[PDB]
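K.L.:
Listed below, chain by chain, are the residues.
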Amino acid sequence: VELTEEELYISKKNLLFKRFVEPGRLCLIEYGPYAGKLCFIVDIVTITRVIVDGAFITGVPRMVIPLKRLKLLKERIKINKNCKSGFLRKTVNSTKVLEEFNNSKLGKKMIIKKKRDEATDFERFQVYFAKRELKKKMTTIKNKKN
Amino acid sequence: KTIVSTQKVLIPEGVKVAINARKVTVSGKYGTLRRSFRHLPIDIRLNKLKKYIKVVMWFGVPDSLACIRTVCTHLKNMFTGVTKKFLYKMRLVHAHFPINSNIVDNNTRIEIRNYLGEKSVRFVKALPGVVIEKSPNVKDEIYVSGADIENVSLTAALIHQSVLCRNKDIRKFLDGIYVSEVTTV
Amino acid sequence: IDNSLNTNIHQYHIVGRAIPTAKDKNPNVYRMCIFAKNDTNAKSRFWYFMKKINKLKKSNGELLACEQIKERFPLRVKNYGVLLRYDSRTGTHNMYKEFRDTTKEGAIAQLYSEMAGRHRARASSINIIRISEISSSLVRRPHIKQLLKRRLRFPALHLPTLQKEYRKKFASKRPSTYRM
Amino acid sequence: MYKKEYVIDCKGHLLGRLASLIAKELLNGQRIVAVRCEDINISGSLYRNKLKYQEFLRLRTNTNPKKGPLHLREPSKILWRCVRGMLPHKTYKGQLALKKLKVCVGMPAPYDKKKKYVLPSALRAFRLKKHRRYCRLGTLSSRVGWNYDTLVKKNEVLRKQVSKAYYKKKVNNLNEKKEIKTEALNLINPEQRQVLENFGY
Amino acid sequence: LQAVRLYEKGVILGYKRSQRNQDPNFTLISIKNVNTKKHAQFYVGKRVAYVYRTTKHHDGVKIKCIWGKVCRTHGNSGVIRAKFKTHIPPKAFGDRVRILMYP
RNA sequence: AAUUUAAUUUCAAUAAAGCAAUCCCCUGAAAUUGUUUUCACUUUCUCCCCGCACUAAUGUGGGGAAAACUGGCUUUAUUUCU
RNA sequence: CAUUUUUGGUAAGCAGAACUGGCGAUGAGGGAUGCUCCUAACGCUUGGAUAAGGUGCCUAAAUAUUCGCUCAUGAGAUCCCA
Numbered sequence: 001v002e003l004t005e006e007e008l009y010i011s012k013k014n015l016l017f018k019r020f021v022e023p024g025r026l027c028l029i030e031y032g033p034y035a036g037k038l039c040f041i042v043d044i045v046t047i048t049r050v051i052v053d054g055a056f057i058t059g060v061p062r063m064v065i066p067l068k069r070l071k072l073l074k075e076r077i078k079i080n081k082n083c084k085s086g087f088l089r090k091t092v093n094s095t096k097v098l099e100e101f102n103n104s105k106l107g108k109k110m111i112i113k114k115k116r117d118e119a120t121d122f123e124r125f126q127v128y129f130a131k132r133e134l135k136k137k138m139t140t141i142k143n144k145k146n
Numbered sequence: 001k002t003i004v005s006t007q008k009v010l011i012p013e014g015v016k017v018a019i020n021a022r023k024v025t026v027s028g029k030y031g032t033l034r035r036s037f038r039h040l041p042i043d044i045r046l047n048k049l050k051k052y053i054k055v056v057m058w059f060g061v062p063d064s065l066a067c068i069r070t071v072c073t074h075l076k077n078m079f080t081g082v083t084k085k086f087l088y089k090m091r092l093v094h095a096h097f098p099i100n101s102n103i104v105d106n107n108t109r110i111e112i113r114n115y116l117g118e119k120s121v122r123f124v125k126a127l128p129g130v131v132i133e134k135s136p137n138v139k140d141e142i143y144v145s146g147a148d149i150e151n152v153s154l155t156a157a158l159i160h161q162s163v164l165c166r167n168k169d170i171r172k173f174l175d176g177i178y179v180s181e182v183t184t185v
Numbered sequence: 001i002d003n004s005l006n007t008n009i010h011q012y013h014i015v016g017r018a019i020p021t022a023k024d025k026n027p028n029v030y031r032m033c034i035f036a037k038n039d040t041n042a043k044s045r046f047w048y049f050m051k052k053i054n055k056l057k058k059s060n061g062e063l064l065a066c067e068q069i070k071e072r073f074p075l076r077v078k079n080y081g082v083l084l085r086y087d088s089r090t091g092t093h094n095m096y097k098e099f100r101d102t103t104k105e106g107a108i109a110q111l112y113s114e115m116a117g118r119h120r121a122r123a124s125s126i127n128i129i130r131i132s133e134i135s136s137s138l139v140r141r142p143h144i145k146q147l148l149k150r151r152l153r154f155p156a157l158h159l160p161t162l163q164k165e166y167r168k169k170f171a172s173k174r175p176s177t178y179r180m
Numbered sequence: 001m002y003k004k005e006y007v008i009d010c011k012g013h014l015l016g017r018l019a020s021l022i023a024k025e026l027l028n029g030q031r032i033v034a035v036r037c038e039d040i041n042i043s044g045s046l047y048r049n050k051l052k053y054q055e056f057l058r059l060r061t062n063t064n065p066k067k068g069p070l071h072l073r074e075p076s077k078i079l080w081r082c083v084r085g086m087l088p089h090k091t092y093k094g095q096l097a098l099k100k101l102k103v104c105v106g107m108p109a110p111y112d113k114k115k116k117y118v119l120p121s122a123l124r125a126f127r128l129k130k131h132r133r134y135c136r137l138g139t140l141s142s143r144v145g146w147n148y149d150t151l152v153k154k155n156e157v158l159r160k161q162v163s164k165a166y167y168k169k170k171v172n173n174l175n176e177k178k179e180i181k182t183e184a185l186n187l188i189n190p191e192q193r194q195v196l197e198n199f200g201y
Numbered sequence: 001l002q003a004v005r006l007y008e009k010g011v012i013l014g015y016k017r018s019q020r021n022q023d024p025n026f027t028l029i030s031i032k033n034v035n036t037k038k039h040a041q042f043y044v045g046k047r048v049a050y051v052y053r054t055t056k057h058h059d060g061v062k063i064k065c066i067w068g069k070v071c072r073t074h075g076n077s078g079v080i081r082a083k084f085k086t087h088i089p090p091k092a093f094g095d096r097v098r099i100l101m102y103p
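Protein chains in written order, with my numbering: chain A, 1 to 146; chain B, 1 to 185; chain C, 1 to 180; chain D, 1 to 201; chain E, 1 to 103.
These are calculated hints, taken from the structure and not from any lab test. Any given hint might turn out to be false.
Each computed PhoX-like pair below joins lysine-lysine, with the alpha-carbon atoms no more than 20 Å apart [what the hints assert, rightly or not]:
#, chain 1, residue 1, chain 2, residue 2
1, D, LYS100, C, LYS169
2, A, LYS13, B, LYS51
3, D, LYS115, D, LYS168
4, D, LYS169, A, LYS145
5, A, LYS145, D, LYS90
6, D, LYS90, E, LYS91
7, A, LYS84, C, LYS169
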């Protein structure tokens, strides 16, 4: 037996919260020295604590943390429970999940923020000049529009 | 401490159910009942197409487990009410003086007269949605009926409380109005 | 490594014997593992056990060996069962608890925290009798059985927490418990 | 700290915490306009809070109640007395700190069109567990005889109609600005446009 | 527009208190968006200026100034101890102070 | 912000091979201290059967199989891919 | 007068002893408050780093982290010490 339009019903079943802490879910660390890193949830130790593991791409090593310090993202990889770091590197790159996060709004805002913080004196002036130019054109168009 | 607790509640044939963020609403043949649950943690999920309601709890404790059972039973009563109204049969008992039951105001306000010969009237207005009818059958029966399991019971309780005597042995003096039979219409 | 989540409980293997005399040419040699907050503390606890069980004190004996043990595979889960002897305000009790952890050391740290919380046991008042890793099918306590289920997952429902950088005293609108 | 006036929508705040946070800022020198105090929450069950307050009401000097402790029954003033407790008000610097604070129930007119802030540390939902009872200060105030709760509620409803009209206009205005901006974006020289684009503005 | 600041805003808190005892040698300063020990540490070597107004002229003008130096962070939450040439007058508690770019 | 050669059962990839299946590094439960032997322990986005959508679960309750993708080991090189 | 040892007395901020330390004659920091408790014994200053004790506000330090327990229609909260 299989589902044809009951498929649609299950699909638009709007659960009150998503993102279960199930193995292979993407997470943004909110607290401690490794805060601001992205990481995968590998294992679940106990009701409080989980084993998190960065990708070797994202660069925080395998370690136990309390669940309270993570903020889970939509995205998840299909990895086995057993998984260790080599298989994780091969898989994470292959299915391109980080790219999906970057394309997502919060990731996009994150990359803009990191640049904006790091921006040099010339760049800071440049944005002002461009914005000022934009204001001139925009104000002129509004004045025209009447 | 425990991770998951669940319960699965069938929905009868006639009901129109419609939950939303713990504001449960049931409509049916005999009127619409709304009954809030947003005081409670609970992941109520709806299932209109195939019927049934699923109550699921995350990270319960025995208090939470008790609550899940409480919510589901109460919801089932609401379905029962809209499908087929609750009839509470109340027999009016007297040893001596004949207790006079006058129903007015379109099956609202039962006025009770002559209790133990007191020559004074006891008026007990009903809850909204609550019919107070009299039986056609046995003379002292009085029907309290409605859609809401709570309101009919409270009306019955109010009637019962309103009547009974003071400062006489309650072993001996039995006169007053009592709940016989819990049924549906 | 994070200092905030750090603990200092380690396991030390201690071996000792009685000083030889005309009466005792070759003494009975004793070894034990002891869970301690440092090596000196490990020694002291071992000495107290020597006084309590055998006939010995620090003064008339000698340490043969002292070495730290550390977990072989600290990043794979184990189910540790522990048996304790403790003293209450009335008297003395034996008890058996189970802990999911990553090392013996982690298990003991949680256990001390638990014994303080549920029984008001101070560190002085606890005595470890045997801790061993127990198979999943043999677990005896319900909260550990629940974790051991085939496809463990659950929703997060803990409140947000975050750095001093963002934990500011004024905010644009009410933040949300919800999360996605 | 550094702004001229914080306006605080006290709705959903926990009494003590809101007071403590306000007091430190006042002492430092930041002006605080506390508004909409009736939906300040006190923690725990209603009956417990009423009983405790009833004992506070009961307390009076034997000699001459004119010089007895002032009771008050108005929610804003309750918050104010609590803030006074958390400042060294018999001192002169302290007296200035107490003066810096202004409190009112509902929202008066010059505060209508200024931004309300919320203090997230003192927000109820993030500090009281969800099976442990809680209590609205306005309700408490009505029970111990304030008798000005219905009127404030009527006023809140009126303000909301004004707010919704303003918001609808504003959202529409944001749309006009956004529409003009996207259209006149490609009237900018390439290099400047590219920098502006790079930081996503 | 004219005369843009080039200095970080600040608020003169108390003196370097302890409970019921007073030391006037050090002032405690909160700086505009500093909030942590680590963030505070960035300002440590920097010059401080307390500028204030008086009613009648001194050196022909209505403004005078006392000079100071940031000199160590204080607690976790980014407060700094500042040492001035002359003790800050305590009436200036909650007044504005300027943390300059130099040196 | 770092750093030297030690010491202390550390590790982990890399990319070519291989090895064993409730197997393996381990860890369980059993017959004056060694030591050996029994059977117990993995995955799964695999397949099958009953419950056929039965779930909190984009899946599932039970009952069976399958494999070595996954894990574990043995080799041979390799360390700025990590 | 305190610990500890201690005799009388129902007990006593009571009576009487033993050892030591105090207090008396001794400020200062802490114990909210205090002759005896804790810390520590004091020329005048500058900077440093702590003790005892704290770190929601009064009040200088954390609305710190981490695992527990706890709802009270007279909760509970700091040696001596109420």
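K.L.:
Quick one, are A:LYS13 and B:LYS51 close enough, alpha carbons at most 20 Å?
P.N.:
holds, 14 Å
K.L.:
So if I understand the rule, the pair passes when the alpha-carbon distance is 20 Å or less; does D:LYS115 with D:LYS168 pass?
P.N.:
Answer holds: D:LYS115 to D:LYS168 is near 17 Å, not above 20 Å.
K.L.:
Does the alpha-carbon distance linking A:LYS145 and D:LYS90 stay inside the 20 Å limit?
P.N.:
violated, 62 Å
K.L.:
Do the alpha carbons of A:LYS84 and C:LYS169 lie within 20 Å of each other, as the hint requires?
P.N.:
violated, 42 Å
K.L.:
Is it true that the CA of D:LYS169 sits at most 20 Å from the CA of A:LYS145?
P.N.:
holds, 19 Å
K.L.:
Taken at face value, is the distance from the CA of E:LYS91 to the CA of D:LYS90 at most 20 Å?
P.N.:
holds, 17 Å
K.L.:
Run the distance test for D:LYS100 versus C:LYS169: straight-line Cα separation, threshold 20 Å.
P.N.:
holds, 18 Å
Violated hints, in rising order: 5, 7; the structure is consistent with all others.
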